[PDB]
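Engineer: Now for the letters of each chain:
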Amino acid sequence: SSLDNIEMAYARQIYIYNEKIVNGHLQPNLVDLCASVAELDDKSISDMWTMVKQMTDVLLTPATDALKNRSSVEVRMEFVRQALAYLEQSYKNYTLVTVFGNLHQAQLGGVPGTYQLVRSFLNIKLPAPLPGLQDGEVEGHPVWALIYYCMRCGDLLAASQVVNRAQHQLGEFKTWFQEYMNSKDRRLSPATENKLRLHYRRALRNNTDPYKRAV
Amino acid sequence: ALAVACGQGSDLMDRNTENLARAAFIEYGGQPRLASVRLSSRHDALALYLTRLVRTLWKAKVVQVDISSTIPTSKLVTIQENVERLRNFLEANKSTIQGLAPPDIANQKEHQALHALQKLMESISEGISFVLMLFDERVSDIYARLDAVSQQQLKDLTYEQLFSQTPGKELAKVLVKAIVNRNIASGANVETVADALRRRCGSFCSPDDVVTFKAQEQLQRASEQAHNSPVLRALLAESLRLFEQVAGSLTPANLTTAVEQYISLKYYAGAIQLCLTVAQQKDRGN
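These protein sequence lines are chains L and R, in that order.
Letter by letter, the first sequence follows residues 1 to 215 in the working numbering.
Letter by letter, the second sequence follows residues 1 to 286 in the working numbering.
No incorrect hints appear here.
Simulated restraints, written as ranges between beta carbons of each label pair:
1. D195/R to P112/L: 23 to 31 angstroms
2. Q89/L to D195/R: 28 to 36 angstroms
3. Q280/R to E7/L: 41 to 49 angstroms
4. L198/L to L20/R: 50 to 58 angstroms
5. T64/L to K266/R: 48 to 56 angstroms
Heads up, simulated DSS-like pairs for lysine-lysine below, C-alpha to C-alpha not over 27 angstroms straight-line:
6. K43/L to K266/R
7. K177/R to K125/L
8. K53/L to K20/L
If you are wondering where the hints come from, they were derived from the structure by calculation, not from laboratory data.
Don't be surprised by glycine CBs; every beta carbon is placed ideally from N, CA and C.
Pulled out of the complex, with its shape left as it was, chain R reads as follows:
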């Protein structure tokens, strides 16, 4: 019923059938009970459907090392669409489906269980979007300019780990921090790759990182335009504005790369002002 309600079988009246399927999912889904709890058949059905949508992904490695993707991109798209249509179905019926809205111990764990599944769904969609973003770039190029531990972590990274384990999230945060670096070398567009990472895979990307990426953009593009005289004083001055904003949140690894570049461009006095500013914003109370 859940599947039909989400449009499955419709690749073959159809609104009424899907509305009937919705009615069957609500009316006959059961309820949670004390036996440790026994969750409703409605919950197990949602878990069963979701699992079967990602069964080809879960235990599979993300990549195959000339690195490529284990799962074809076209398959990742359809899986994501199916997960999203399931999410859309739960949102449009948050008020009528038991357990979605907040509610005694039985209905409590029913709400917690259903909530956890929905958080996994959005994490699945974010994870898939991240993999698609990754292979839109030149991963082999990114994979080359990488440390061994992170190459090994990426070698045996599964979709399960990407979706549900901190190391996948931490590694994802490293890869995004690396792809933008490379994107700046190609230099097609920084602010487009920004809004790409900002929204779709939000909750895994950080807005303090994109402003940093915007700063490293002008820095590298100030090294690109380095031969020009009057164009840099606008690039380096605007890079400095971007750095000082995220001063209370710059990593020592980035702050160094910034100062290293400033010295190449004889921007001595400016680089000193950034480090002084980063200091005060890490310890405002002095």
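Next comes chain L alone, as it looks inside the complex:
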């Protein structure tokens, strides 16, 4: 036999998918039929199929041409959101294994809230305070670090909670952020979007707080 262990397992899964269509049955999820073998290998492959499923799990127009779906601005927009949701969740798992030694170890004690996780993530990745931070701290951590890694993990709510406890320090950023969390597609209104950009460009193009720049 010329098929390696992995290849053979895939063949069997493709036989099922064929047996289903040959007997007229329900069209099963191919992506699921392939990830079934991935778990038998290292996670290098499992995390791939996870990306494949999430990048292909977009509302499509059945019985429509391939080129048309991929040219439509409608579909092209959802791809960006599905990827961002993968990069955010993927990073969230990196933040867990960074605090706890094993995913299992984190689970038994219970996944903490994205806020407390991020806080327990800042402890490690910045043990000493950087002298260039701005806008003070919040419960022992720089306010902008919390906002960034919360947005990076994809929990805008956890980030907005941080903002609510620093209303006086952050200035007008509150009304701007609260609009970003509300507006869909992660975009602000052109008027308000113009107000903040010009302010940042005005005197904050080079600020000593990198987290502030990023957000």
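Following the hints, put chain R in place on chain L, whose structure we already have.
Structural biologist: Frame of chain L; chain R shown alone:
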């Protein structure tokens, strides 16, 4: 004059007054002489001022056992600030004040006496910083997980002993080695508590201990993440890197605690490699 030069009375022109006070401290401080030597009035003045800055501390017990501190923290801060401003004053005038710069037997013992006082000042500041660090944590928690002899030694530890006697230094080295252990259980931040102990109370902390603390950090946090599969092989592998660096300086008590944890995490082959490495670095010449 020394006190005014250090800003005392200024809680009430002021630069010129302090500069005049400096001039009086230098010009009229006298000099050392053979009578066994008689040190200058400048030396006795420095000893008198320094003593009065710490008179409420010296003979007092550090702690009161629910353990707490004998001296309020706010008082320890002001005392430390006063000691540091005195030190800052001596440094800014190391070239103009007689006896600070190195220089016949009279001026010799004058230099030695002044040097000893300055070493006590930095030791006082380190000692105070250590006590403040201690009570920032949860001392009662640390005090519970402690042996009786060390509880008793801490019970009757005075500030004098902490500042000027080896047992205070040895006990201080035990407490720091214990607080970091506890800090890892809380697990807020290891590398911040590191840089805290590394610099301010240096000459009492050891850089080979913080790297060890960094190693025991990943070890305990590898036991924290123990349920996860892919996160440990980075924690345990990096803990192993940290241990092998301070191999020529690991205590048998730590090396054991490391191997004990490695076995819990089925990290057999790795733990063997650490012990073998610690061996070679204790005896390189074979």
